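Let me begin by handing over the structure; questions about it come next.
What you see is the complex with one protein chain gone and the rest in place.
Chain IDs A, B and C follow the sequence of writing; residue 1 opens each chain.
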Amino acid sequence: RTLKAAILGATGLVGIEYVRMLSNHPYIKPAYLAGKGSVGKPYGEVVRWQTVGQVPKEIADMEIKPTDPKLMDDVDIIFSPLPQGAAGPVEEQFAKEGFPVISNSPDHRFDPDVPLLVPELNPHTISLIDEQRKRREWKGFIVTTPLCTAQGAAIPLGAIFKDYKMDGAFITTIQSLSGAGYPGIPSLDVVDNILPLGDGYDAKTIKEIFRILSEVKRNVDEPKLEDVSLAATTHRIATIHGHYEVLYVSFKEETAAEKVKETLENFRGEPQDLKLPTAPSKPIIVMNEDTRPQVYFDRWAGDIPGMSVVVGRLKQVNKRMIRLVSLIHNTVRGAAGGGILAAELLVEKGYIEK
Amino acid sequence: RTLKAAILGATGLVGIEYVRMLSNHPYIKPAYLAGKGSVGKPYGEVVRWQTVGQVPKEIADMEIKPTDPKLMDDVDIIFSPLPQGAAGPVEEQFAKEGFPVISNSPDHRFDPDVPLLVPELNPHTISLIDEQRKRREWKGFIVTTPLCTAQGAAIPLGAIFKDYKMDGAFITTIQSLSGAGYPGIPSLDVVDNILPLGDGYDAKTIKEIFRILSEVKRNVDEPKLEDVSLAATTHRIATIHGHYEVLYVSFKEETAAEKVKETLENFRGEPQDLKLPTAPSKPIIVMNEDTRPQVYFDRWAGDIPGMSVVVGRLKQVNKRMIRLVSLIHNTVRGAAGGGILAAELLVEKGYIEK
Amino acid sequence: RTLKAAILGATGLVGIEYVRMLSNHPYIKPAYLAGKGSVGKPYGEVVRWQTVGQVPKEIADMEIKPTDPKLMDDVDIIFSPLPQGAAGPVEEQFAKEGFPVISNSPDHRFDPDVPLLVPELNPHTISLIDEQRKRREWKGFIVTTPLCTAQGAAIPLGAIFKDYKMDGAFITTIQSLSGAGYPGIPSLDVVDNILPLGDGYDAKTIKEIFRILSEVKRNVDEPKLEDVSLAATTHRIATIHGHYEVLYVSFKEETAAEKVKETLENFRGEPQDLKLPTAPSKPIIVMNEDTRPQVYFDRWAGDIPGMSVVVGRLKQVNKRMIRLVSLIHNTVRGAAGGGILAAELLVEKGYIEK
Partner (left out) sequence: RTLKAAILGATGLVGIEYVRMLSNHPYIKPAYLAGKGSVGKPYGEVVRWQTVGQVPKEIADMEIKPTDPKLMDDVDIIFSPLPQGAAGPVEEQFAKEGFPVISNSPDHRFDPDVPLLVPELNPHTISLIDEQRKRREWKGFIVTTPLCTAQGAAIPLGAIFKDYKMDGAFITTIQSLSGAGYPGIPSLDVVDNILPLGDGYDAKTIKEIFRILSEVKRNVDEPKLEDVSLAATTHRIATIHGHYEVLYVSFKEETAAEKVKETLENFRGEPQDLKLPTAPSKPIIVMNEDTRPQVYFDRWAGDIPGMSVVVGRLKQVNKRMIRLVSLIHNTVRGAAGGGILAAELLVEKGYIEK
């Protein structure tokens, strides 16, 4: 009745958050710590514990093991936050061996039969696993979570687009360094500097947000998603966790910032109704002070820390446009937290057997 | 035939750029270094030389002197980058004593008879000094330069609004710490954090930009400036100089990013035509690489370093909206450089006598 | 039964560690949040929670109250991290009123009848409290704990001095910003810079280390303390918590690094033997990798996190000299954690009573 998870890239920056969260989870245990350049070594000795608290005592001494589908008979869930390009073949192997695969990597995010999942936003799309199982002829499956940076905007925008005639969002991000991994960003890129990431990163942000938005079940029907204008300009500075995003949001019809603020405050989905262990009770928190949120003080907010997107500064810009900022914890909600939540969602919908 | 300048707040962060630039200027000399908490002491011993190179040898040994209009008979130009609230009375005293006053402080920026001057943009408004002299009954005058952060956006927006039906701009800034002075920003506000400045700072940014824009002499006549929507969201991170601003710019009619890019590339005004010593030959530089400009590498650009606004990332967002970023050097163009340029402009229009 | 503690300076950097640690303590409650600037406001809306986790839900809504002894009669214990100069007389009045006062301020640290206490090193000096009550004519008392930066060195030099013929130490500190409070250190002192603190600060570090050393019960008696030579050169850089110190330690005779290392790993005193709730098991943890300790990763070490000094890099320099580094958490061990531990000890010794 405890489910046994294998964490690929266990010692990485996303891996350690699977480690930290699961070693407190009521029924999903970090059982198998997969790696590659350090297999054979205790985890406690290779890991870069760039996160809160301490490596759990009962994890510190487990050996890092091979990422090999045929050695994991004992394993029920695979979480896969592996590098682009390597991740897609490994995830496929795993699904072909019968495993359910919850992946934080981009490789599979746009396969039409793979969900791109934000459990509060497009929970119905896990039914794509049925067409996936048939089309690919395998027993297991793959699910992906979006790009941390895309979830920072897609969540408050999902909630908004659900209930208002939102026809554009123009965003700037200032992201922290732990998203790029280790060695990831050279210190000389961000000491006394700001490092923009370029056109391919901006275009990949907007493209993930559009597929999320196109799967939101809406209460109004205008504008079409074809006519919605998105754009992002992204950057990295020297913060360790936490992506801060400034959004100007546009509408087809006059729309009051105070209305939007109430839909954000009260936003909830099936993770809240179902009470999944990792579901924050306010997946969006709204702050009211004109100097918040601040990366350092607000990235660990919520009853489940780091799982809430904290949104602030709602203000009317003109009748048809408002401004807000949102701060997500890029490796908890943006990555490991989100994938946990997804795994709980699939256990409760019977896709992963208990 | 050399003009003798007094630099108020000479040892401050803006003062030292008046010092650094003027001690190379062909005919305006840093002659009188005014201070207050350190009067009587050599400049070389109190100054925080938080800028490029070294205190000039021939300045290092001059005494810091009183900020007292009646002791400056020998002085021809006053540059005044004093703190809000103290600056306005001192500047007035100075004008009443017969001095021309070029001020970087906010106190006077919205007196209807005081120019708010960006020499490339609204050069004709120095004629407000005539109505000022009459109304206030004094011999000298006051000129102000805008808020460094407002010039970072007002310049590329001035150039744009001059020639296109620009109906909005939605901006985010990420400003460096030297604008707030010393002690200015507590280290704990920006180490591993981003510090937003709040509603009063955003509203003061947009209000300075609107008065600039309303004084641009335009080649088209739509929309009215009443119907133009501005908004800013401002922040400070741990960079030392350089304010980086992301602008989404909106239009009433279909407008191509490649058109706008040519008007920006070729933008010039009377400072360029007149050849003032401190006028960059491209007051706007356009970079083409999707990871530029970067604060650290581009804040000292241009044939007159730090005087050019470097604008990058021009890209079409939809037919009616484009995105660009601009980087200004907040204490050269945003402050001392700008005020120099203003002083050269007034010497050449005969307002300051040679 | 429960002791009720008042925390003076409760919203400050050191105050918050009192609130965070006391909120989990089996018997010392944070009952009375004292202040002055923000008296009458909820703690949670004023505090800067620049620490691990979130303000405790039970503390957040508590009103900040006057720092006034005649209003605290239901209070047992007063903890005082007030700024120099202000602390001294406030501590006195509290003592005089009948309270035990545990202070982290420098004011009384050299009164002959006042302990300067690290519970692991000079625990019998608590008996100064009896001459203290009689010559001060009060029923309360004052106890202080040492400057954080003096503790980061004295705890390892205490353990060394107890057992070896130690004749000097020559220390370099690289201290974090939280020790200076907020607004404390200007961000322009330490971005792309290192800030030395100067002679006063080096002299005061050394002077506290000597007082503590003079109170260590030793198992040898060579050399005399008056013949020991201590020096410190101190600095701050842009870390949030944690003070890293390099120590070159000298001896009167051939002394083996491997033996010191072991005397450090085996260090233990009264708090450990009594099992006080805030006593770490290993008040000195010794690390072996030639790249540790690192501030970010080792400052929250120990089974009571922040309470252990972590020491690394033990090495033979020549036969009479060894080198080590140590890392202390400056506001847990260095201030609030050590005051809590002091209060535990006084309870167990019956100096503080239900």
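Everything below uses one rule, namely that a residue touches a chain if its C-beta (ideal position, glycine included) is under 8 Å from a C-beta of that chain, and two chains touch if they have at least 3 such contacts.
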Next item on the list: Could you tell me which of the visible chains the hidden chain touches?
Entry: A, B, C
Item checked: Hidden-chain contact residue, picked from the options C:2, C:127 or C:229 -> C:229
Check: Pick from A:187, A:219 or A:288: which residue touches the chain that isn't shown?
Finding: A:187
Margin query: For the chain left out of this view, which of C:239, C:255, C:278 or C:331 touches it?
Written below: C:239
Notebook entry, point to check: Considering the whole complex, which of A:23, A:38, A:50 or A:54 touches the chain not shown?
Noted result: A:50
Item checked: Positions on chain C where the hidden chain makes contact -> 168, 170, 172, 174, 191-200, 229, 231, 233, 235, 237-240, 244, 246, 248, 290-292, 294-297, 312-313, 315, 317-318, 321, 323, 325
Check: Going by the touch rule given at the top, which residues of chain B touch the chain that is not shown?
Finding: 48-50, 52-54, 191-192, 296-297, 300-301, 305
Next item on the list: Against the chain that's been left off, what residues of chain A make contact? List them.
Entry: 48, 50, 177-178, 182-192, 238, 240
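The rule we apply is simple: only the chains that are shown with their structure count from here on.
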Margin query: Can you give me the shortest step count from chain B to chain C, moving only between touching chains?
Written below: 1
Next item on the list: Answer with same or different: of all residue numbers used at the interface between chain A and chain C, are over half used by both copies?
Entry: same
Notebook entry, point to check: What angle, rounded to the nearest 5°, describes the rotation that places the Cα atoms of chain A on chain B?
Noted result: 180
Check: What chain is the most remote from chain B, judged by the mean position of CA atoms in each chain?
Finding: C
Margin query: Averaging over Cα atoms per chain, report the distance between chain B and chain C in Å.
Written below: 48
Next item on the list: Would you mind pulling out the distance in Å between where the CA atoms of chain A average out and where those of chain C do?
Entry: 41
Check: Counting only residues that touch at least 2 other chains, which ones in chain B make the list?
Finding: 192, 238, 240
